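Below you'll find only one chain, the form deposited without the partner chain, shown as structure tokens.
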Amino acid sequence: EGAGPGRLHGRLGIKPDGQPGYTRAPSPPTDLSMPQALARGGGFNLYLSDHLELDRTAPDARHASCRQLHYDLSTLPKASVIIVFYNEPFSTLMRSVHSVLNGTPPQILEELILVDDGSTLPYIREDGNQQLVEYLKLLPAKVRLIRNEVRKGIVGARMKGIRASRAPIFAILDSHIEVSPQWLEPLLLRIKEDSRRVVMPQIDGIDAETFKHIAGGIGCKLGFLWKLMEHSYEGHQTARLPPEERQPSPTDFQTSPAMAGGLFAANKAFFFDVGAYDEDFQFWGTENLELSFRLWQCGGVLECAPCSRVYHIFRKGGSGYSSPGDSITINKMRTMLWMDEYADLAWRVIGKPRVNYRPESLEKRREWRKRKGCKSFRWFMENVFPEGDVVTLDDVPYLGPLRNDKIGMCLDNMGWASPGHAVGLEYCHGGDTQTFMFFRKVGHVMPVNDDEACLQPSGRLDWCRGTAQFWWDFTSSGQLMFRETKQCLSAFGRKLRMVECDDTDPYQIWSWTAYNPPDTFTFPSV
């Protein structure tokens, strides 16, 4: 096999006749149209990917201080790397397998499980052309293939691989990645010291159009938006950390309230004891936040390892597969179980949806939660994510329409909660399009359906930032006063203009519904 640096599992993909079992493509056509190629490639430039080598060398994205560390590969526990895919192309999938095997010591790699989540591509189908399974015969025995007869989704595919894993630790990677050196050693050492740790590698990027390796700029810490999606700590949220954590060492392991992707390593025994995944989550979306919340509340710890780095092809100009439109909403309702009274806020932000969130199985998760002794979401916000803009629902004093009695009209986002457009004044009708909320920790006036969009003195919505350019004070007289200018907002003449503050001018007096949610969120009925 001839192993060594850069080929830790030997020379991969060689036939009996010493020639490669993968015929690689010529250089992409010179007249290629990137927008049309990105579409056909499910988000990546497939002409270029098929032309690149499966044994790609990648730059070492780690800080130089990560190379000064030593790992005794005989004391570390073995791990099972799990890659699940639905119609991932051959070149990107096999490049991932090659990267793992080339860059992972065999002492610490028990196996590499490939989970076909009901792929329909000919090169993967069991009734197909057999290209994949035939090429696997040219790879180490560690590489196994297991299939789901029907496509189950992220959670269904992940659980299949985890259940099939024989090692005490498993590591979940995507089917379109490349690793930096010594990516697994940091994870194993950290999980070895404490089995309750779920350790995430930090993600670098591979451009979808050019396939250049790109340094990841994402920090370690991740919060969440009330739209129920993870979000990196903003500058003003980092500023709220203890001084010793605002700028930690490149080598320090850092906790994170939330997980972004599904790239993490965990002790298999602990993973099942902490609830694994909720196997009634549908297809794609939000399982990372449900796991993040449950993990912390249930005794676990979520950490990121800046010295463990993996490259990831972020899609662009296309998508790799389909997903029902309601699967994302169901996954969000089920995640609200772990948010306790805060679910009322999240429920109003995503439009008060009424869907079949499998209530019968959700009550059983409610019982598992009480039987396990998991902690409240209040504890979560106060201890794991106290840097957020909303630690208690007291931090959202107002939620409802912003009405002006003089002209008899309320604020209206006019159809787009997405920022960049002007706000208007219209006859009040009570729909969510006229509902705004106030985050007092930052003075933000936002539409309830998008906590990333903030009112500005210009009368428009723009991307929220934790700065004085978006700070408002709602006075005891009902005025909307921009703090930087000390001017107040007026609805005079049906247009929105800033004017000298005067509590005697009725055109600048607003009413805003106080927000007094219940101590208990009761789910909507199906």
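Numbering follows the first chain given and starts at 1. Shifts are known only where both forms have a C-alpha. Definition used throughout: the rigid core is the maximal C-alpha set that superposes within 1.5 Å between two forms. What changes on going to the form deposited with the partner chain bound:
After superposition on the rigid core, the C-alpha displacement between these two forms reaches 2 Å or more for just one residue among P77, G219, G299, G443, namely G219. Taking a Cα shift of 2 Å or more after superposition on the rigid core as the cut-off, the single stretch of three or more consecutive residues that moves between these two forms is 217-219.
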Contents of the next structure:
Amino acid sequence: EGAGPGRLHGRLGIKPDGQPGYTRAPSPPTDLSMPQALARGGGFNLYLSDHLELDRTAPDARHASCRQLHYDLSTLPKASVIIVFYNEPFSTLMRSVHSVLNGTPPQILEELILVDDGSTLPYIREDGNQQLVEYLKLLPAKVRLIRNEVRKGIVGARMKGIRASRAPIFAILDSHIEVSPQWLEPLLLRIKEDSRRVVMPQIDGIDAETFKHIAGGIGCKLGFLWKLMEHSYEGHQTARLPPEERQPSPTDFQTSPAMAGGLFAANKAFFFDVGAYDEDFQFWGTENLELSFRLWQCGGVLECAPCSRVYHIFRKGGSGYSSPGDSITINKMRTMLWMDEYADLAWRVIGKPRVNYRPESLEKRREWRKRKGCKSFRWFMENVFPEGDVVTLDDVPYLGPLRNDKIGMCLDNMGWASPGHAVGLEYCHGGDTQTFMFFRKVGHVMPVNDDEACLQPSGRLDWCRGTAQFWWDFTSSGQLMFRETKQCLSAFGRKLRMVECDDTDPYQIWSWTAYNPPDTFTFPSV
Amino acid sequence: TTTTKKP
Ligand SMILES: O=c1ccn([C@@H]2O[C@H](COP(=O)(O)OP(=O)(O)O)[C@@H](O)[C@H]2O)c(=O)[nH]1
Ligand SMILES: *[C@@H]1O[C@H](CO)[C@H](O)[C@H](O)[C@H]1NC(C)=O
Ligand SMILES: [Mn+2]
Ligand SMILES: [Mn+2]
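Return the form deposited with the partner chain bound of this protein as a structure block, the form deposited without the partner chain having already been given.
Okay, now the whole complex, with that chain kicking things off.
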């Protein structure tokens, strides 16, 4: 077919009739309640998605320096792109396919593997209307569909795709994305030089409501929160980088402690030698951190390619599928195997859960870790993520009730550890709603169940920032002194007010349990 | 079932 710039595999989805194999929809109805449409489409507007062409032009989100780079497609190795999906609408899934095929040279694209993770939508089912399979006949033979007869989850489906890939390199993409030009060449070139590099593109945004292409998505340097979820470097963390790295060139690759997950390229052979995925992970969540920690610890390197840009629909006001509530908690328990003594803090943050994390299966993972020679999480913190606020557990000197003995009451998050509400005073009962922890590097006073919520002298919790707005000092006499104003927190009259610091005033004296975790985290029973 | 966009 007619191949050229913008259609590197030719004109896609055209019948012998000469008409598209896909009938676009009319403009979305004017009487459209965006919240309701964000539900029908599982987190994005399917009315507008269905109206938009599959050969959708996207702006080049790449910095001008990236286009001045040349690539030799005859020296690069081929790559198998793997898109897995569970109940993804037709318009988004097939626009992701068109974007890849249209924006990836055939010289470097071995195959495009579609992995149906036990979908139930009629347009996907094998006993359905055959919409997808019939439409795949109108696409290159590179494109291949394989199926999990029962939904296994992200890890289950990505393994089915990876194991089936035949290229030495594989690239995983979500099923609701659009690429910027030359998205794959920077990844291949980087892994060609060292097979131990797992390289992830910079992610951009497609608005779930309007489908506008947005410049900034996720970025490069990514840390993690103690709720076990990736977290982009905040300003005070970038400030801790070596000065030669606080503002790198738009083309230089950068290392990242963590990845966003599902958008990374890797040498197939090294991916299996470094542990692949923990296939006892369930459905959705946290496999990106288990992979990130295991990668750095066991001889791998995680890098971000600022010149490899992919647009991504971040779901808003909705969700595309339903995961069991306990599957995420399990995945976090299995991830804590790689955090060594630090699992005590993470386990306390996610609420001291007692779930079935397949303990027998995790012990075989422990053995694998020792036999591979993987390094500790302390090494990881001190050498991979040394800019975090908790590098050793000595950075968390307090964890427990903040109790004022005068009135005999503890601080209480009042049910919502989430930011934006007021702290209170209540009779102490020991529950997690009354435990607070202290991050000394930023003077943050947080509820143990959310390290994004910080105490403020206003008496209310708010989003944590590494600035003087949130810095507290805990004096040797028991005072909570807001450093910026040198005023102390008082519990006088069962209200929280800032007063002039006087260590002879019992209403501003607080007791706070010291955090002295054991050298080893002993998992809870089942 | 959602990873959030960087601020
Ligand atoms: O049980 C599942 C859950 C998710 N997915 C797919 O895994 C990818 C990543 O999941 P999701 O899109 O929810 O993560 P996000 O990137 O949107 O935060 C998507 O293409 C999903 O269709 C899957 O194949 N099986
Ligand atoms: C996504 O947003 C949430 C909001 O609480 C967290 O800040 C999380 O760490 C964010 N993820 C990234 C990649 O920054
Ligand atoms: Mn996604
Ligand atoms: Mn933060």
